[PDB]
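Novice: Make a model of the complete structure from these sequences and hints.
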Amino acid sequence: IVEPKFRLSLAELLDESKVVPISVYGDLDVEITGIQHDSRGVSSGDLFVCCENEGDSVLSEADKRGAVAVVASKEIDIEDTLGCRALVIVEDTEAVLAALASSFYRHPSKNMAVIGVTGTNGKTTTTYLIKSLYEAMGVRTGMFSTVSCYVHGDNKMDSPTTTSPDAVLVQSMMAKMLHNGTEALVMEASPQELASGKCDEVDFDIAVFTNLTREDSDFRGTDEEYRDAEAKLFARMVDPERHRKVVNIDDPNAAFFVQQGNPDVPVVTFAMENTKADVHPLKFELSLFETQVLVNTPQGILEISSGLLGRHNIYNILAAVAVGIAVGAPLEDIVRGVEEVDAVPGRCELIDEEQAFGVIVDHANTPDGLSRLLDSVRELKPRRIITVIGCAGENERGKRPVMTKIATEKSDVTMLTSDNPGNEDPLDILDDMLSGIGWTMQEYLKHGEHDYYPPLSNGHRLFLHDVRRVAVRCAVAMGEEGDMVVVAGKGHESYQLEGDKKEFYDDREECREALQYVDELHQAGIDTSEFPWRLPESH
Amino acid sequence: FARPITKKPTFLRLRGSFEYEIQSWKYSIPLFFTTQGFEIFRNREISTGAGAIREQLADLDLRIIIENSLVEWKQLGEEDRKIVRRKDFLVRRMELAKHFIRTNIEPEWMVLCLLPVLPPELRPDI
Amino acid sequence: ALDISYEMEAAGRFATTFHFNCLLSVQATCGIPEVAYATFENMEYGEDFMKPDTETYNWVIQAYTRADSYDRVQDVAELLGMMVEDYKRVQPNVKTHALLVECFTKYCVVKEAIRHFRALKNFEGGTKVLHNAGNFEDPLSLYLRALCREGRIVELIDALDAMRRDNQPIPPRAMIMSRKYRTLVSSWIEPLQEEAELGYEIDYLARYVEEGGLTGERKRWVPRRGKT
Amino acid sequence: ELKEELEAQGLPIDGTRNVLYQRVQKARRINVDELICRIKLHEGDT
Amino acid sequence: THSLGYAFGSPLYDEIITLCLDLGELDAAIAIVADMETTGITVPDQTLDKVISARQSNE
RNA sequence: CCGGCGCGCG
DNA sequence: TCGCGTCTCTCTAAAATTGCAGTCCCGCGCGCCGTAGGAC
DNA sequence: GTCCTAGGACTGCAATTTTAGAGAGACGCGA
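Chains E, U, X, R and S are the protein sequences, given in the same order. Under the entry's author numbering, the residues of the first sequence are numbered 230 to 768, in order. Under the entry's author numbering, the residues of the second sequence are numbered 147 to 225, 234 to 278, 291 to 292, in order. Under the entry's author numbering, the residues of the third sequence are numbered 229 to 456, in order. Under the entry's author numbering, the residues of the fourth sequence are numbered 541 to 571, 594 to 608, in order. Under the entry's author numbering, the residues of the fifth sequence are numbered 837 to 895, in order.
Just so you know, the hints here were simulated from the structure itself, not pulled from any lab data. Any given hint could turn out to be false.
Okay, derived cross-link-like pairs now, PhoX-like style, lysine-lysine, Cα gap no bigger than 25 Å in a straight line [what the hints assert, rightly or not]:
# : chain 1 : residue 1 : chain 2 : residue 2
1 : R       : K543      : R       : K602
2 : E       : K634      : X       : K408
3 : U       : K154      : E       : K628
4 : X       : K447      : U       : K154
5 : E       : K461      : E       : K247
6 : E       : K634      : U       : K220
7 : E       : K675      : U       : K220
Every beta carbon over 12 Å from chain S, so not counted as near; a handful from chain X, in silico [what the hints assert, rightly or not]:
#  : residue
8  : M236
9  : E237
10 : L251
11 : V312
12 : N350
13 : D389
14 : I398
15 : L426
16 : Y428
17 : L442
Virtual Cβ for every residue (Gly too), placed ideally from N, Cα, C.
Specialist: Right, here's the structure in full:
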């Protein structure tokens, strides 16, 4: 990958962004080599923007790392504190934060076709399906997703471990892609990022709407504001020739989104139950390893044999079909783009090792997402459901028992572990898991001593272990014909948190290793069926 | 020694102290469980030497010891040399267990982690 | 006080049971029973005017039953026997039976605590003195708990009658809630340590919320190394 | 005398022939008052 | 039990009335439904039918 | 300025 | 078609030797001898 | 020559060593 170099004077930056400063100190002709709002990312010669929630310590650290000009919303005594050559005072740093980034990188969104996707799910899935579809058309495309970022093809980007990239990061990342020859791009237009102004200075061509549901509990707003948060994506729909509307009709909020912006913009719709939409599937078959869906489009009826699991990823398939119909893509490339995607990273990435079952990974660490995923596993027809889950520490203490409650009531045998214990002891969390069923770690450990585990009140079995390692090892070893084993809570990232050190641990690779050597443990006379293991020489 | 501690969960059915090394535990389980994580959970199902004894002493629940000894003594009584000698062990054990509760002594101090050294001027053999 | 008593005996006025009781009133709270027992031994094997009375036995028993470490049940039992052998000259009061009930409760000598609680019932106040205003781990609550745990339900009912007659509300420590969310009301019937049917599913989420799991004040039921 | 083994378990069915054998071999998988009152105690009666 | 402010499940009210009918204690069954109306707690419809049948069977 | 062995005295 | 003493172990309650642990006056005087081992 | 230099006598008592005591699952003979 090639790193583009940017050189612009401070005077040209303000005029391009049309920002009116409150007052100007120092030199206006200073060359700026970059824009950073975080102290830990400031390089020598770059421009620094100070937030209102960050104290004076951030300014001093930025100056040490090589800050030359600081853009702050309030006056700061620079003659005795900062070594910067210039200080800029603006009314709203957060709004100008996107404004400064866009002009510095010459507004890269103008030279690439940006397709916007919004919704409570499939933000990563839609982007990858579109990218390795636009690629079926021969157009270079990249990734702007929480899971991972790609310039084009297979060149992944070392994305920082943050779920919401800032406006400057988006502008800087896009400029790097366009410099490497990128022609199309799809971004995750999450409600948090659209409302906060992290996507105000990005030109969007096509907007995709999948589903609007009250699922994000971290959203600091009401239902109307949450609806209006995603409404900003479609409120920019002005040009009919350049822009297309992609809205799901099955969602009740369809009528609200379709009225935003210029009504003359073409509207492409996808839904399963509602046949009035342009795109609607006709017959679908679900299996443990592949999905066959027969869809109808205005350009023709398509037969799809995709490896995606369940029906939650069908909308992402439909969205790619809907966008393909929107851009008038030939139906031949639509088949290739959808069928190419088999296991989206960080989202149900199936671990296939020629077994009679499947192992997928989901990043769901919230009760709603986990509940939806476990419900979606049921429709895939599993003979027996096995789940492995946990919860973090020092945080989210209020709803530990609900995840294991839904796991026990939905899965037959559920191993228990932690997600990221942190400084908090994992044993306390694992005891908090049993609180939702009527057990405690004291009682459960009393069960373990007498080597017998009577099942639950509904015939379901329950086993537990402190560390996720042996737990997922046993869960993999207990995959059987028609059964499904679930590991969740980590997803796209590959880090482990114990105490304060962030250990490097990947769930997908460990599941691969477990499925690699499942045979020898079971064939050597060990009754790996359930705890305790009946060793040949232990009776 | 199999199952040295109880306050942490296990997944094996090895009980007592198997004199012979377990064939599976020598090659199979370490190969399947690799090395790092295996050693991380190694000293929780099988251990040996004074470390296992110290782990057993550290996680003892003395009150449970007293109650089990008392109930076993009553069971023996409600029923003649070793029928009495087992009783005297039970009386001795619950007497021994009681003294740890009221004092500040810990039963794991009977296994040494550090070795104090006599001052040199007292050893101008030792 | 000790210096002034030494000077008084140097001036020619020997200490009597009154001065010794005054001294014992402070020695009984030092946490070391041996000081109060040395004073008691000085009193017991001395002159007629130095002989212990009910207050002296009460002070020494209180010193022994509230010791910091080691077991003192044998010492309290021998002191009780010595007081019994002195019956022609000494008789108990409410504090004697309160202290003895507390001692025989904390050491799980339940039947002796029942005997002395029957003796204590005849005194007004009674269980109010035993309650100790909640101090010293609330011996009345511990007595009620000891009665409940061993299934001495008739004696528990008698203790409740005594508390009702003494206008003594049952303290929260006596009404501690068991693991299955039960209390002394239903803890001795044939289903032991298990819940009844109740006609529906138990709302474990509500239990987790009400126990402080939202603010991390929950009491985890996991074994832990230590003599606690 | 294999019928004596039945007392170690709950004796499910059994009785005719070979059922006792199969069960024993498969059980290892789980592995005047009017005169009495005329006496009287005197505890506590000094 | 209800004076403390509680409210049992519906099935238990069915089973306690069923047992009383089998034992021949109709006076208790009419009493279990007499205070139930005053307390305001709902009573199952099928439980109403069987107790009505019992009082119609003895007349 | 430490311990063993041997021989003695009261 | 089972039933019957019973072949071959089978596991433990109850003595019966049996191998440590511990101990075996006090106080004085004198002499001798250590402190070893190996390739230089 | 040497300068560093690495097997009493008695008592007390728990520990093996039986001795025994019953006792049972599979069984060759047998009714």
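Novice: Each hint: holds or not?
Specialist: Each hint, compared with the structure:
1. R:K543 - R:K602: 45 Å, violated
2. E:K634 - X:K408: 18 Å, holds
3. U:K154 - E:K628: OK: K154 of chain U and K628 of chain E at ~24 Å, within 25 Å.
4. X:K447 - U:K154: 18 Å, holds
5. E:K461 - E:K247: 22 Å, holds
6. E:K634 - U:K220: Answer violated: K634 of chain E to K220 of chain U is near 42 Å, above 25 Å.
7. E:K675 - U:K220: 23 Å, holds
8. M236: Nearest chain S Cβ is 63 Å from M236 of chain X, so the label holds.
9. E237: Nearest chain S Cβ is 64 Å from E237 of chain X, so the label holds.
10. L251: 52 Å, holds
11. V312: At about 46 Å from chain S, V312 of chain X clears the 12 Å cut-off, so the statement holds.
12. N350: About 33 Å separates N350 of chain X from the closest Cβ of chain S, which puts it past 12 Å; holds.
13. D389: 21 Å, holds
14. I398: 15 Å, holds
15. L426: 6 Å, violated
16. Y428: At about 4 Å from chain S, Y428 of chain X fails to clear the 12 Å cut-off, so the statement is violated.
17. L442: 24 Å, holds
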